[PDB]
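Enquirer: This is what each chain is made of:
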Amino acid sequence: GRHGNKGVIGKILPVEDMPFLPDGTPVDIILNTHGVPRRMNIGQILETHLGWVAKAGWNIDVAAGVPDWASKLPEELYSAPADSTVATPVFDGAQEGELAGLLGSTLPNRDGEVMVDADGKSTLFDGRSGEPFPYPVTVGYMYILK
Amino acid sequence: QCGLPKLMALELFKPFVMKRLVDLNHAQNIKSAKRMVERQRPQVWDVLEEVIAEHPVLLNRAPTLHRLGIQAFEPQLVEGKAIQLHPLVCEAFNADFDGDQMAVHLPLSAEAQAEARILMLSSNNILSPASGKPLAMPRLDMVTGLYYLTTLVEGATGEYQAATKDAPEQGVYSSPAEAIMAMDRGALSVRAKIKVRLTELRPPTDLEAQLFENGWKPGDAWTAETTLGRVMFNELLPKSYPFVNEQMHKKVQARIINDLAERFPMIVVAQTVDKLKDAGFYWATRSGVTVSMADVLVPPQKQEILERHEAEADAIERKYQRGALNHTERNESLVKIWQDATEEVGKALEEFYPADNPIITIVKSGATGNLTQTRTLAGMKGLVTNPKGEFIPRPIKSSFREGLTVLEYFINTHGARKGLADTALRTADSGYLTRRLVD
Amino acid sequence: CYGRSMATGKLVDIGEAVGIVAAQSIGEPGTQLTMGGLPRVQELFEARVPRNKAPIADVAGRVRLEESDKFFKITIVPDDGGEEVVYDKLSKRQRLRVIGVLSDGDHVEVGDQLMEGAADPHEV
Amino acid sequence: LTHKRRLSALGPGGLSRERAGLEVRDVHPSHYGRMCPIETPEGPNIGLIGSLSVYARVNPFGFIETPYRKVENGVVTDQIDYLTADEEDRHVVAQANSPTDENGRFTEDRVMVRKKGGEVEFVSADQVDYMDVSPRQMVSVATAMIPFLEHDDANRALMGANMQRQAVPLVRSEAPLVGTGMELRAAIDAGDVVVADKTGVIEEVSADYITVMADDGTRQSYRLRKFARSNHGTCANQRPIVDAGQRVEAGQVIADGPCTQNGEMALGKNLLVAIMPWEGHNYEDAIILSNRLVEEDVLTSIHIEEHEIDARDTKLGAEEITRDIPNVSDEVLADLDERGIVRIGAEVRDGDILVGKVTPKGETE
Amino acid sequence: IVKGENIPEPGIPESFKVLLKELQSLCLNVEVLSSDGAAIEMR
Amino acid sequence: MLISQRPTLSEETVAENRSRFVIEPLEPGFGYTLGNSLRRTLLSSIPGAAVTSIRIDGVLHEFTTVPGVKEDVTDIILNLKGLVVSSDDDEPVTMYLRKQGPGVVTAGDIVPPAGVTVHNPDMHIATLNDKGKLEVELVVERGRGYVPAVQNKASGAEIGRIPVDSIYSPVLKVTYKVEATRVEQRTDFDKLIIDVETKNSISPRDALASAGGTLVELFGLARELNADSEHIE
Amino acid sequence: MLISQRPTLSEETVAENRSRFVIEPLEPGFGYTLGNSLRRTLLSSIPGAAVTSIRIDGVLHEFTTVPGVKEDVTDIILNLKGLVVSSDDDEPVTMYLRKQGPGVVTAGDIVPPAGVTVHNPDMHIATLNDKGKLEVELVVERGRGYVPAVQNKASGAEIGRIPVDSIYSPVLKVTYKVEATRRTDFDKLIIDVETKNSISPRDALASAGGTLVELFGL
Amino acid sequence: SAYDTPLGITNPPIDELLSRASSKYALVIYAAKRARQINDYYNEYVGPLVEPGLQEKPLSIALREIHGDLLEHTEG
Amino acid sequence: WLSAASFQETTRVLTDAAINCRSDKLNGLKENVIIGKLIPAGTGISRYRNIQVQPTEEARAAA
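Taken in sequence, the protein lines are chains B, E, Y, F, P, W, Z, C and A.
Positions 878 to 1023 (the entry's author numbering) are the ones given, in order, by the first sequence.
Positions 440 to 878 (the entry's author numbering) are the ones given, in order, by the second sequence.
Positions 977 to 1011, 1027 to 1090, 1098 to 1122 (the entry's author numbering) are the ones given, in order, by the third sequence.
Positions 440 to 804 (the entry's author numbering) are the ones given, in order, by the fourth sequence.
Positions 1097 to 1139 (the entry's author numbering) are the ones given, in order, by the fifth sequence.
Positions 1 to 233 (the entry's author numbering) are the ones given, in order, by the sixth sequence.
Positions 1 to 182, 186 to 221 (the entry's author numbering) are the ones given, in order, by the seventh sequence.
Positions 24 to 66, 74 to 106 (the entry's author numbering) are the ones given, in order, by the eighth sequence.
Positions 1221 to 1283 (the entry's author numbering) are the ones given, in order, by the ninth sequence.
To be clear, the hints were calculated from the coordinates, so they are not data collected in a lab.
C-beta: ideal position from N, C-alpha, C; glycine also.
One or more of the hints may lead you astray.
Keeping only pairs whose Cα atoms sit at most 25 Å apart, straight-line, the calculated BS3-like set for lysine-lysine is [said to hold, decoys possible]: (1) F:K555 to E:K758; (2) F:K443 to E:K470; (3) E:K714 to W:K70; (4) E:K453 to P:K1099; (5) E:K458 to E:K470; (6) C:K56 to C:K87; (7) W:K70 to E:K604; (8) P:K1117 to A:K1245; (9) F:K754 to F:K800.
Short, incomplete list of chain E residues facing chain W, as computed with Cβ under 7 Å [as the list claims (entries may be wrong)]: (10) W484; (11) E488; (12) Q600; (13) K604; (14) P607; (15) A616; (16) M622; (17) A626.
Below, a sample of chain W positions facing chain Z; criterion: calculated Cβ distance under 7 Å [stated by the list, open to error]: (18) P112; (19) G143; (20) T214; (21) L215; (22) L221; (23) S229; (24) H231.
Bound-form chain B, shown alone:
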């Protein structure tokens, strides 16, 4: 990825047996949790959250007015369709508060069920045993280069 996170392809699983969302949508990559915290590159997690936001869309609550987190000059960004691209300039890009507010947002897969909570996590089903993983796992879309 763009954050200095590099690694070889250890294994390539059949799409059948792979952590897949309640939709039945298999994840494409599985990155280890341990190499993330100590290396001080947390942007890769941020763009993993935003990557999911831009993929499924979102709509900020028009209910009665603009929430407090969107008070600091997000303009006309209240709604975006599914698959819309996003740009966060390096030092003027989005901020932490604005992320959370967007984490909970529009919820079609096809049916009207959400696939990711406001923490950026989802309950994945193991493709081998077929049983859910005990805890909520972070999913999203990340930009990785060959």
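With chain B fixed as given, assemble chains E, Y, F, P, W, Z, C and A onto it according to the hints.
Expert: Just chains E, Y, F, P, W, Z, C and A now, kept in the frame of chain B:
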């Protein structure tokens, strides 16, 4: 063992397979044998497995610092062009899977193969030949995987209730195999504090004296109170080993594995660490250890602490701006004001994070990471050194969670570069020293 | 004499080449030494006079401390008692060693270090 | 695009690689907005090689200048003055982001400032002279393409910039889902994208070329690079992004380059990520992928080699390219044409023949 | 290996033979001596 | 449509109680698919009889003690959980164990009513101290799987009624793992290894066929839909 | 506590390409292991038809362009991978496609041989202009899973043959979920099967079952 | 001692083999020279004293022989 | 002398060795590596490399 690309193996053993497929009627003369390998006719593969059987190979990764940088393994034909390396030998090779490569060498003579199997074999070299400490000891995933398995959670599911007046104890199980049938159902939790009767495991030394003192129990049943995981954990250790019943920090695992090498043969430790690996990985994924912007949080006291020391510096800055303060003492004062101010955020930060947070579990278990590292992620990165080596009195109030600023970022690189540049010449000099020690 | 082999856990075999194993056991961690580091280690193995030379007691006896600002004077009164031993110019930048810090009247043995720093191996 | 804009301290007339001390390698306050401090080699060339900043500019005398917006009496004008390092220290540089007052005035009680130290201090907005044109002045093009740059440590960022250059063009070339501002601006200025220089309309669109009928009545045409072997073997293929009747404007994007989509840099694909440790397969920086990424050619890329052989005049005769080989089976030549060169469209395996050649022999015996 | 026989005993590294030659080209008389059969020739 | 070659089922006997089974070769990655499904069928899908609730004379409001024997109430409950008896009643049947002799009690001392047969007479239940009696009732109802002790609000009406954890299935422990095989012909094919430790009610081989039939018939609900698409035999 | 009401599998409908399936009742802790046992089998072993190779007159390989066509040959094959076809006959059968003059070629323009159908003729292949002519034939084979393109040097094909990655997968996306209980408590699972329209969720699930039934043996 | 079944190269265990020789080094030459001895037989001349495996390598044979004490040696 | 030569200051070492007319016994292990001899350590030691192996008369009987 090690995974060897079939293409690579074929060329390495080319002269060997050529003879084998000529011994068999596959090829009539050596000329036909050579071409039969070059074009890779499908018959050779069945032949390659035979020549490679129990034929060791040497695996080296540069730079070779200690002799453990070269170790023998039993080759296994693998699909693909990459090499499969056992995860427990990464420590010795200092091997990262970020794209590193490794060299393979084929011992030919009988003496060379004997030396590989005996002297340099992977499983025979476990402890480092400098400190005696164990090297193949589990690490980074196997740590958190086991740490999660052996940990004891208060108020878990199916916890032994110590029942009273109307219900028997409720926390007892006929056997460990029953706790499994209860775990599969929503009844039991792997981290519960239930007590079980164990027939095939050995109790601690102390309790064994009081319980039997006539001998030990290979079939004699006894009961102790442990987490279901701690039972399965001890099933990985040798049946002759006493029951530990602890939560396995890395140091605790070092104590145990270090003990096996004193009381047991090498092959016993070789297989015990293998079982710790498989168990550690399985529970490392079931550990529910991920990372998120949510699981990264900041202590609310950071605002007050920050603004508090700000005025303390402004007053001292006002004292220096008054003309009486010494310029060298001013910065030194600020450096001291902010240095211990960082500890406060560190103290407040640790107090905030729940013990089961995924970020701290990684550091607690000793798998990987520091607290100073988690202090810069959330809270404050702290002070940064200047190019001349002095401490820039301007601190980095922001943390990499909230993101630094244009000036905070430009200042950090000032020091971050000097550190990365040091590592460059720290290997060239350390190598120049090792060459003189060797000579 | 050598003792147990760290890798085997038993008495070292007779073929072992402990020389190389020692050089590697010392050098391999050198990458982890903040180079009070590689420069100091190389200074020791190379037997060069220390970076900031520190004096060592030459004979047993009580010490008489004196301060000529910008310097230090240390004199050892032997228990013989024989010829006194004086250490003329000791830069105050290099402060005294600790037992606390050396003070006037303290006793000193034949090899003790008089000031913080690195004692000259050739001297000792 | 980074090779050009690269700045080197090596070569004749400058310090050599092995001799230079570490004092030069360190960042300097005057590097702000001129030479990116985050983009530099990791190896022995640290600090000696860097890329020109985004808004930086070179002086006719050889000194790098940076754009600034001068402020007068707490009001930032539209006057933009490029200043060299010498004259920069003379003044006080307000920070790029500072609260703006409606028509232009310093709203904050105090303003961030930079001194000749450089030093960071405050005033009530009265003594400021110049302000930063925008954030990321110090950043380079590659560095400015890292989303959430401010959050990552300089160490991992430096690796992030150096690795963008090392990407390879894919077959599909999907653009980044979460990006920065530089994506589209950097692709057109690279030159691997086809831009129209006159407003007009498309006359034809083919994989081979794209013609436009400008309003001027003139006619421009652009031949598309198709599967051109790059210097390092990557595929330089281009694809048209416009239809026949489309209208276009001067400076628009007509076709995509190798790593571009709709005008912006697309160095990789967007993938569904899961940050759980998984059965010890993704461990120690290793990674695991869905086999979908193979069946659907999402991470597929094309690579091209160039093989060369000549037939020269030998002291014992003349080399001849021919299909006749001294000792070979008629099968090994099954893919050769009359002249003895591989037939276009054939498959080649390690050791196969590409061009048959023969040279005279002496005194066989 | 092709015949399945035992691997033979090693010989003299060609590089070392080159070293003696390069030392002789410096006017350094380098003689390989036996225990008692004084001089040996590399041919 | 589909034809493949060729799966085979083998069995290695570790003991009269345990047996290891392996299937070779499978198609990738069928090993993981059916593997976890078998561990469930054998574990919770085979019919068996077990103890449900017990009442011991002398224990009504007492917490945990039995004067006259060295075994406590808890140690005896888990001592009875190991009782293996095949009941043909299909309904709860109450057996009885009453012994006053100062000697070791075993599973053979209980008188099983017509239809229930104890398979482990040698099992120890309690040691009776000198001059002590022991009277206990046992409720046995056929079931499947593992049913934890249930107090259905009717266990409160009974004074001294102790519901116990019921192990209905004959197999008390099972596990599985997969490996690769197929030197050249197949490449990285799956091999399924399954470990079954069975109770003396049924041998490992019978527990397999029972799981095989219960599993095959279950997937017939889908095949009956069309039966058009098929595979190899 | 034996409880016997033999498992019931009743169909449903959500869309035309997908339809839910429900089975009840089942012992506790069964739906997960039984649902994934079908999902693993649906996503892989459902037989189908797919295009193995293709031959275009003007082009001798995959990395050239065609006069007048807007898409290069390699990008056209990428589009053709999206073709969902069903072949009711064994024994590879060749399709045919020929278009002249301007327009936009689509899967519908392909002429199917006996007993073969293109189930998404709405798909875009290539946009041709006045000078553009596209003459290409496609070989449809029958199989299951994903088979990487077979190189013609391995097969008996000639230099003009363009092998392509073949994906015989009628099923598209699958998921499941279970309703537990806490009278004794059982488990009931409902599965959601979606197909590419080459077969219905009913026939697909029947294929898995029939393929899954034959496998369990004793 | 119940270690487990060892696989291939790890069998027999070194521990059980080191009690048959003075050191790991002596063990090397011990099995090494015997291995070259066996291969000559298939073309000194003795053995295989133990029942050879299907395709067992001679070096692997000599190791099994040393495990069973089927041969003795004398250091130089 | 050839050990000191390969280590450092080759020219310095060779000139002094030629004047002193030095003779190298080839005992050190680096000298043996250069000429391709068996290093005098580990399995290369005399007691180990001279080990003689033969099957016991009781074993040859069993055949």
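Enquirer: Look at each hint and say if it fits the structure.
Expert: Do the hints match the structure? See the list:
1. F:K555 to E:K758: Answer holds: F:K555 to E:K758 is near 24 Å, not above 25 Å.
2. F:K443 to E:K470: violated, 54 Å
3. E:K714 to W:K70: Violated, because 39 Å separates the two Cα atoms, which is more than 25 Å.
4. E:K453 to P:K1099: At roughly 13 Å apart (the allowed maximum being 25 Å), P:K1099 and E:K453 satisfy the hint.
5. E:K458 to E:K470: holds, 11 Å
6. C:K56 to C:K87: OK: C:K56 and C:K87 at ~14 Å, within 25 Å.
7. W:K70 to E:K604: holds, 20 Å
8. P:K1117 to A:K1245: Since the Cα atoms of P:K1117 and A:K1245 sit roughly 20 Å apart, the hinted pair holds (cutoff 25 Å).
9. F:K754 to F:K800: holds, 10 Å
10. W484: holds, 4 Å
11. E488: For E:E488, the interface hint holds, since the closest Cβ of chain W sits about 5 Å away, which is under 7 Å.
12. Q600: violated, 12 Å
13. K604: OK, holds: E:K604 within 7 Å of chain W, min 6 Å.
14. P607: Interface hint status for E:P607: holds (6 Å vs cutoff 7 Å).
15. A616: With a minimum Cβ separation of about 4 Å from chain W (threshold 7 Å), the hint on E:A616 holds.
16. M622: violated, 10 Å
17. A626: holds, 5 Å
18. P112: Violated, because the Cβ-Cβ distance from W:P112 to chain Z comes to roughly 19 Å (cut-off 7 Å).
19. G143: holds, 4 Å
20. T214: violated, 10 Å
21. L215: holds, 5 Å
22. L221: Constraint on W:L221 satisfied, holds at 3 Å.
23. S229: For W:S229, the interface hint holds, since the closest Cβ of chain Z sits about 3 Å away, which is under 7 Å.
24. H231: holds, 4 Å
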